[PDB]
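Yeah, one chain of the complex is gone here, protein chain that is, but the others are all in their spots.
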Amino acid sequence: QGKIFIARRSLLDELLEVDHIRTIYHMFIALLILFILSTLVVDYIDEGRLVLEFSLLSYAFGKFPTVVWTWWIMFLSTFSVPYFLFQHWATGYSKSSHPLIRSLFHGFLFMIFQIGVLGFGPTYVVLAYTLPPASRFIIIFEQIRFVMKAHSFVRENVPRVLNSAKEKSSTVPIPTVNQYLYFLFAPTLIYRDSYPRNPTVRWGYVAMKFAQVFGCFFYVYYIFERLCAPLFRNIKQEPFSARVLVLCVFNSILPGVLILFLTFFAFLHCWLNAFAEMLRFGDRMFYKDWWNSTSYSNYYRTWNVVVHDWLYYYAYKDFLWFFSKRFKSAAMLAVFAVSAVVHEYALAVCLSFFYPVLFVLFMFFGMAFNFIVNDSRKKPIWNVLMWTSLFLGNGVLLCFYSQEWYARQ
Amino acid sequence: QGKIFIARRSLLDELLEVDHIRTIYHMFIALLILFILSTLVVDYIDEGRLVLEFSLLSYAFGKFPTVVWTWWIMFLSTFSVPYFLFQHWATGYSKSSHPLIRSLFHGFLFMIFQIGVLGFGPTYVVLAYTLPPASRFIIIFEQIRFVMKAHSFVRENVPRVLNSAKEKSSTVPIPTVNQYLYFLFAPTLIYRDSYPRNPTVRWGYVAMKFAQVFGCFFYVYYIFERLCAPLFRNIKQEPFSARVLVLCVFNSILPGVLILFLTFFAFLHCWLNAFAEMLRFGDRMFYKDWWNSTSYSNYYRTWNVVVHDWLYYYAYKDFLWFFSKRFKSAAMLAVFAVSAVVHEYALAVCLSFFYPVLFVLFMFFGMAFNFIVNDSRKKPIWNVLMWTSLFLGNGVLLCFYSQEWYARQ
Amino acid sequence: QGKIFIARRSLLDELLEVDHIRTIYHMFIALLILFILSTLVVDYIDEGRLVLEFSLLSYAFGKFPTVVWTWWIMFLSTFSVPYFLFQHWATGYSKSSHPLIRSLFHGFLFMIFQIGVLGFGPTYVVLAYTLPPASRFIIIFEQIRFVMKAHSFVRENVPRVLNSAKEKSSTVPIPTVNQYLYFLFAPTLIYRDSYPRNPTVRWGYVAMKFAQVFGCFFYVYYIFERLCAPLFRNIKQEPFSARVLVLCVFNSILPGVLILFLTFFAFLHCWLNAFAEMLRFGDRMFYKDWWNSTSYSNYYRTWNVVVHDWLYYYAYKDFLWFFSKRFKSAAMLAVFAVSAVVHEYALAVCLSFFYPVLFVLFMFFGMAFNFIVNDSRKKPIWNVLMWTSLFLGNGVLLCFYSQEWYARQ
Partner (left out) sequence: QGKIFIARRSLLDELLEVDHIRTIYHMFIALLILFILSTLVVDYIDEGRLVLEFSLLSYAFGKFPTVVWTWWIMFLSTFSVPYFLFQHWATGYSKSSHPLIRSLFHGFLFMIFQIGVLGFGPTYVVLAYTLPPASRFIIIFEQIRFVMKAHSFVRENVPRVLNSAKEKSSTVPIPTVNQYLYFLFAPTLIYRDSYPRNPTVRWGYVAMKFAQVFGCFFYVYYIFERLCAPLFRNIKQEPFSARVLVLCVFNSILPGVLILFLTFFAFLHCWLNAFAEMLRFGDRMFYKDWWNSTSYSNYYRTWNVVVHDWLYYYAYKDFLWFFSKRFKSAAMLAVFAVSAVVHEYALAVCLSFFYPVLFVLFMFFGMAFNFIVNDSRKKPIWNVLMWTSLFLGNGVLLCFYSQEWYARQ
């Protein structure tokens, strides 16, 4: 039982040298160049000399030093406190000084840490110090990382000591500082001990990926500056829903499709592969072929495997363990709820306004796209119906939120 | 020396079942559905119940009886006259009734046919009897077809009779009229006798291809409303060239790439393979792998093979035969001159206005791109600069021609 | 039992080179020239320089785009639906998924196709969308063709599958779609597989036949002006039935015999042999020697063989199979009823007026002539009474229908 790690290459890495997929890479590079050329020409003819600095990224990433030290103190807390609270179980169940009291005491001491440090601290600085929207996503992303890393650490290592406590006069297994610190930078949220590793670090591989991530970040910026600038920055007259909403949703698809592809490739594939090569890591199978998946049969699992496995093993299966067996119902509702609640919250903090049609779109449809679709469907038309729904869902998302953001200015 | 036919499949047809490119097929199907849904919703809320007749295709495909009018007279003339004039060499050089004068007499009669009946006839019809754009294109496209088919027939069969005439008292080779007629519907412009043929015909294949061509034609129509209509039909105020032109070119790039991909797949693969399957034809190498091609060194010989072969074998090589040896300049400029004038002729007749920037764009840059890039460079950066040049070239093409067409009213 | 095809030539084609019947060909050619010369001289002295457009054919062959409109939808439907419904018996009786109900279900679907798409469809088109006479006749003629072709396809191939179904675990015979399509253009309404075929095609033959059919169509047009126009177009005064009717019938006999001979030669021989040569078809016994035939005993089976065979094999013999044995009365009246109603239907739709004297003339006399004359009489006096009956019958037909058509305005 549990996830088992096998030394594999990433799917898209081996699939980017077929000599037909490398074309699409070059097409997107060519479109990056043509975006840059267009923006530089337009900005040159509008003003005097060409724009030196971008000016959006200065506002978007505003008070950066306060993001650096709040990340540092969050990193120091999640490194020190969970490890020290678990190292307090060095005695643990060996002497057994009245069990049932100390177990739930240290359990409550873990919970007050989880809420007190990561619940308030990250939210307090972003809300109180009036940080800008793009810069706030970094703190919230890293918050959701470290709360997962801490709970994963506690949930996996407790079974070791709790099983080993039955054996009398035996050496208790406790994780060391080195391998836990290694896990806290690793690109997977499952085990603590002896990950499958590669022989040597290339260092040219990590350089090319970090260059692609940089190129992707600029692409995402230029997407919002040309695809989402002209029609959201400008509009303010005859505030009616007669036809303009359908066209605003329609014209926001083509930006949304590229944003979805860039946010995948930049972060999920390219950024994690770079850290998986820089720091020795062998699995690299953290996404799968969702491209030809039946709608939401594999798409749920195959999109992010690292965060899916987190939810599958420690939220879904632990819920099923707590209720023993036989539901396939409110357990499925609870894992969809917590996933939607984490998203709506993360988005709500950054723009400081609420209006989550996102939750209704994740709650109503996220159920609909699993219960009335099934996994056994094999017809290719269902891939079309997935890709229709994904296109429209993301287009409606980007439209309504960027409308709402510029509406409050 | 001449082209040698081998029983192959179209590379995309072979490659479309690899399970990653069938995604891209479903991506474009899904975008068609979302384009149809968007247009039907907008039309419903705008006017009445829903769109009954499309309104654009009614104007564009206007006087269609006077196109069938044209095509059938054009088909009967190009079937009857070229073969009958060549079959009149049955006596040929065998009798030798004072040769050299009768040969040039029949050559003159064939030239008078080519210019008077196909060069002047259908172009007089479309200009004299007023026809709308997209309807004229059928007449001029099918005109250029039958001019090539007629020239291909005579030029290949003259060497047979002349070589057979060298050795006197022999059975003069004249192709039977089932052959040539088969060629007149076959999807290649090269040989007469014994093409490679498949053993059976599927007919489910051709039904799927004509279904796709029917879907592509609509896709292309949907392109003109939801993708181009707003920015061309509407704009009529403040006639200045300050920032609007660069924006209009940039906004017209993204429809452009889709038009280029749809006109490629629909005609060159799907429609042409449908005829290549319905009729028994075995070669089906109408286009090579031009996706992963070096920039402009080989794009010309891998984009459209059937037209390239016609040019390379009958215009280029015949010019090199006439000038004997060693130019690679007069021949290069001659074939470019023949192709670019015919393209300008094709696109100048339909809209009845001239503005041949398309000619100078193909002449000036198309030379450079052949000569500065070379076939010796193998680095992938050139492929990026091909896609950059093709995206910009097509975006400038569609923008400027539409700007000019809509400006004449 | 069924018809057995043997490689023959058309009897007239064989007989046209006997050197005395080639005179009669030249007699009718010479009369065409003298009809053209007479009409051109009259038109010159009457109005202006000469007749530019014929004026009758402009009205008669009126809205011809909405006929191609019809024919192509009708051709695609009768090609696709009948074969696909029959091909759906690929599973057939081999699987035996509860037979007797699915067989009648597909039989019902085929009946709904036959009535709704061909019985009601084209007749609705010609009546709803107003069309002139001689243009409607094309739609209803080609309608009746595809109804017979569709019925002939199913009725011949059902015995194959049922006899093959008796012996289980065998390769179910289903005709390939090159066959049937070949049949759908072949000039006979009987078999599917392996017709007798000639070794080569002449193409000078078909050019001569289409030249003759083109000449015959005009001959028939020339008939309506110089032969009928004066006595139908003009007469409008003193509405009495005193002597004018007998004179009008007598004057309409001599055009009648020419119309009967031209409609025979042009369509049944010349046009049908042109298709029988252009396409490879070997039988060509579309009509026997009905010239020297006993009066009405065998005229029916020697006049038009392709329609007679369809009736005799699929209407007459199937009715005798259904009623088992011994009637020669119910079957005779049934086939007469089917033919006379279809003829009246064909001639009632085109002029939109009814007056079915043609039905009672075929019913009352056509019975008598079959029964009183018999196949046993061999005296030449009966042949005289056939030609007397046919001359009078056609003269009364043309007179009364034209009288009625010209009277409705």
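When the chains are written out, they are named A, B and C in that same order, and each has its own residue count from 1.
Assume contacts are C-beta pairs under 8 Å (C-beta built on N, C-alpha and C of every residue); 3 or more make two chains touch, one makes a residue touch a chain.
The chain not shown here makes contact, within the complete complex, with C.
For the chain left out of this panel, the touching residue among C:45, C:52 or C:101 is C:45. In the complete complex, the residue from C:84, C:291, C:323 or C:371 that touches the missing chain is C:291.
Across the interface with the omitted chain, chain C contributes residues 15, 19-23, 26-27, 29-31, 33-34, 38, 41-42, 45-46, 226, 242-243, 246-247, 249-250, 253-254, 289, 291-292, 380, 383-388, 391-392.
One rule holds in what follows: only the chains that are shown with their structure count from here on.
Chain contact topology: the protein chains form an open path, each linked only to its neighbours in the line.
Chain copies chain A and chain B are related through a rotation whose angle, from the C-alpha fit, is 180° to the nearest 5. Centre-to-centre spacing of chain A and chain B amounts to 48 Å, using the average Cα coordinate of each chain. Centroid to centroid, with C-alpha atoms defining each point, chain A and chain C lie 76 Å apart.
Touching two or more other chains at once is no residue of chain B.
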